[PDB]
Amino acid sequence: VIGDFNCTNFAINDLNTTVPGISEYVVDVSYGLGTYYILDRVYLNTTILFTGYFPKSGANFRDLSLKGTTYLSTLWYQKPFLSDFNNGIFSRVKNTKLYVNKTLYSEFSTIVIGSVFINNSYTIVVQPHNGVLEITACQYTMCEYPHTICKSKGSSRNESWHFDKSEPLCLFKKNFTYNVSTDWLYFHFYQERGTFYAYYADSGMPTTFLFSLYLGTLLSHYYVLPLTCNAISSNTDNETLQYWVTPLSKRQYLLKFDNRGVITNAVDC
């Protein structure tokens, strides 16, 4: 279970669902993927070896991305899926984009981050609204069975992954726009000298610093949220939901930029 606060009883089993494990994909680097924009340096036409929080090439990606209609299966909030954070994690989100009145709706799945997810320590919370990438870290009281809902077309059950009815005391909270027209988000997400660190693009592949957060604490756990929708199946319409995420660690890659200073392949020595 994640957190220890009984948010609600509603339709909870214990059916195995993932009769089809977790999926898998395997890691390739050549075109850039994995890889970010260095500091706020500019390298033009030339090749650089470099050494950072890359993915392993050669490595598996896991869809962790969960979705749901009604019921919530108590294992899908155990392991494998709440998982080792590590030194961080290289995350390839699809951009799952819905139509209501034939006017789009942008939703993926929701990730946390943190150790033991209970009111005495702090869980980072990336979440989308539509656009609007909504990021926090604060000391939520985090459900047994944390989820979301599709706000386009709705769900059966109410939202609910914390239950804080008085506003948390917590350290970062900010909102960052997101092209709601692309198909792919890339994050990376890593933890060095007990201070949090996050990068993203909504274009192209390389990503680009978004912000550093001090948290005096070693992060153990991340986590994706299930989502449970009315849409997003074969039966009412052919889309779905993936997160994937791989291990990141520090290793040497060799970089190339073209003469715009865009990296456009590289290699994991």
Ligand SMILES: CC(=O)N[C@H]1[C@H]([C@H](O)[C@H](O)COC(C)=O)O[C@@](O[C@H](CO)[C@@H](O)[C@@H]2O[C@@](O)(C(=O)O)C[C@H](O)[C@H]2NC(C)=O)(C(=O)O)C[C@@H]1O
The other form holds:
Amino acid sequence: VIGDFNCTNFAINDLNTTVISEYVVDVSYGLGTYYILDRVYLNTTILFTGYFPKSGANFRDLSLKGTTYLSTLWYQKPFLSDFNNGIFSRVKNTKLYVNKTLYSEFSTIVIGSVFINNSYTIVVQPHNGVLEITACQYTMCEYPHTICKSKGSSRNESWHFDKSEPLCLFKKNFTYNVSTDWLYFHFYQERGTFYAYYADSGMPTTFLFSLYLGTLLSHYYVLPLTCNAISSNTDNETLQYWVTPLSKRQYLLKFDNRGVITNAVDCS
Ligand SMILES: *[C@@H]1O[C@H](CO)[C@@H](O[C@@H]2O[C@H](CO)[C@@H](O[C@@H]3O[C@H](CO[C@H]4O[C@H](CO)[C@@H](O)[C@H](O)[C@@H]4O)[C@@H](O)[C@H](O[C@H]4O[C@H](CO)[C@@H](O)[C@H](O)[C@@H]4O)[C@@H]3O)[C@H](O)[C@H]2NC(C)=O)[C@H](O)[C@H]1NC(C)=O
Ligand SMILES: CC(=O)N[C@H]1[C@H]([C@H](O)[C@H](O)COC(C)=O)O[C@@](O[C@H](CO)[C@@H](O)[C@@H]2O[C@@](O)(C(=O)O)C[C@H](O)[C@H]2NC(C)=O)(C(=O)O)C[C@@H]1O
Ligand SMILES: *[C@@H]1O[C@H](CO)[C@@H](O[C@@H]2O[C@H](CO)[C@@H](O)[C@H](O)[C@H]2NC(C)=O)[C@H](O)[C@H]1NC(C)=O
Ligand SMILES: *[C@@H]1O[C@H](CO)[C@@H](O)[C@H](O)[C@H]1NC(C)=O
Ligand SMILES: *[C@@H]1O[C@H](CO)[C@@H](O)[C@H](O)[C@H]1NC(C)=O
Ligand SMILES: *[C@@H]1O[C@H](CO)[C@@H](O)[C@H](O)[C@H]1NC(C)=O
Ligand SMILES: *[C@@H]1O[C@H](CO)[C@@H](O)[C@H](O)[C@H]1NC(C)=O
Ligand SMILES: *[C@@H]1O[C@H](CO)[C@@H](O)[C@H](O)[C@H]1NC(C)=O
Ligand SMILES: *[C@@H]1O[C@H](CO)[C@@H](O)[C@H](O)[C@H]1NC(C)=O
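Structure of the form solved in complex with this ligand (previous: the form deposited without this ligand):
And the full complex, kicking off with our chain again.
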């Protein structure tokens, strides 16, 4: 389980519906890199040491789409994952339509340790072009999940159950371009401080925020999303949430004559 609060018992079973899909990391076009601090470099190559993917390691697609039932197996290893230094995410923006109006959906991610309400859990969740980010003492459910707020779902939303507002270290919103096909994120920790970088356009990410926690983060998990759409019998749309572990590595980076990172090489 995630957390330990019994939020609901509606439509739960133990069915093995899944295999973790895999894809190979290739940083040759700047995927997995980030812009360095407040610096700018022009028409040049730099050797830089940072939190980067291993080139030629795998991405895992951790996204899960449900309709009514939730499998208990979705809330265990290999999905519940060790955080270590951090993770890089490549996220498909699942652009849906209702009455020819566009809506953006993708999987919420949570990062934490015990997920009990005596500890801080980070949550990153989209709301159709608003990205909501929080770090609070949430009472996480045993079986957390989200919903398609656009197309609807056969079940109500529940990933935490706090009746009063929980204590929070952080709460902010960031906009993202709902028209783009891919969002990239780095999440990592150093000396008890969490760091987040993202991009919605291009591949190299840029700094969103950092947050002192003091405690080591140990686990992350990508929430199942429940929807009456997003399947081969209604629209052939799909969720994807690819992740791969970060580590301290040396990269060659190439910056063009307008300061964009166009290419990179992992030096091992
Ligand atoms: C921070 O997070 C913790 C969990 O990590 C929360 O603690 C849990 O809080 C809930 C809600 O108060 C507790 O659930 C209630 O426990 C009562 C006692 O359980 C014993 O008795 C029942 C029989 O009544 C046995 O089956 C059980 O094995 C235990 O021996 C129950 O009496 C309550 O049941 C009643 O309410 C539910 C509500 O849905 C009804 O469905 C039932 O029919 C019944 O009317 C209820 O189950 C839970 O025990 C707490 N867990 C722990 C480990 O402490 C904190 O509440 C949370 N803090 C904040 C501020 O939110
Ligand atoms: C994580 C995962 O495996 N995700 C897949 C999902 C699950 O395996 C399934 O939910 C598990 O179920 C458990 C745990 O019991 O199956 C999906 O495909 C279904 C068929 O497998 C889909 O076509 C549904 O078929 C129905 O016959 C039915 O009820 O399953 C009628 C329903 O209206 C229709 N859903 C719609 C309209 O989206 C789905 O979506 O749910 C595609 C998802 O990628
Ligand atoms: C951040 O974005 C969220 C999601 O849009 C905002 O939350 C909504 O706020 C309105 C007005 O208070 C409520 O009616 C809704 O119920 C809220 N939830 C949702 C899911 O829409 C939030 O107000 C924004 N700002 C901050 C500081 O969090
Ligand atoms: C969860 O809560 C419901 C309602 O109280 C109860 O029927 C069910 O047996 C509970 N399950 C567990 C594992 O506590
Ligand atoms: C689920 O099915 C996959 C693919 O067949 C298999 O690799 C895996 O061991 C199964 N897991 C469980 C829990 O049965
Ligand atoms: C970029 O660098 C190359 C190699 O030194 C040079 O040939 C080219 O003229 C430079 N262009 C600009 C606009 O700096
Ligand atoms: C969803 O919420 C509504 C309103 O409280 C309730 O009538 C319905 O039974 C709930 N369904 C589930 C599966 O939680
Ligand atoms: C949003 O994304 C689309 C597709 O990449 C792009 O054409 C458009 O110019 C972007 N708009 C803004 C305001 O970023
Ligand atoms: C999904 O794509 C397949 C292959 O083209 C097709 O057979 C199927 O009818 C499509 N379903 C929908 C809802 O478009």
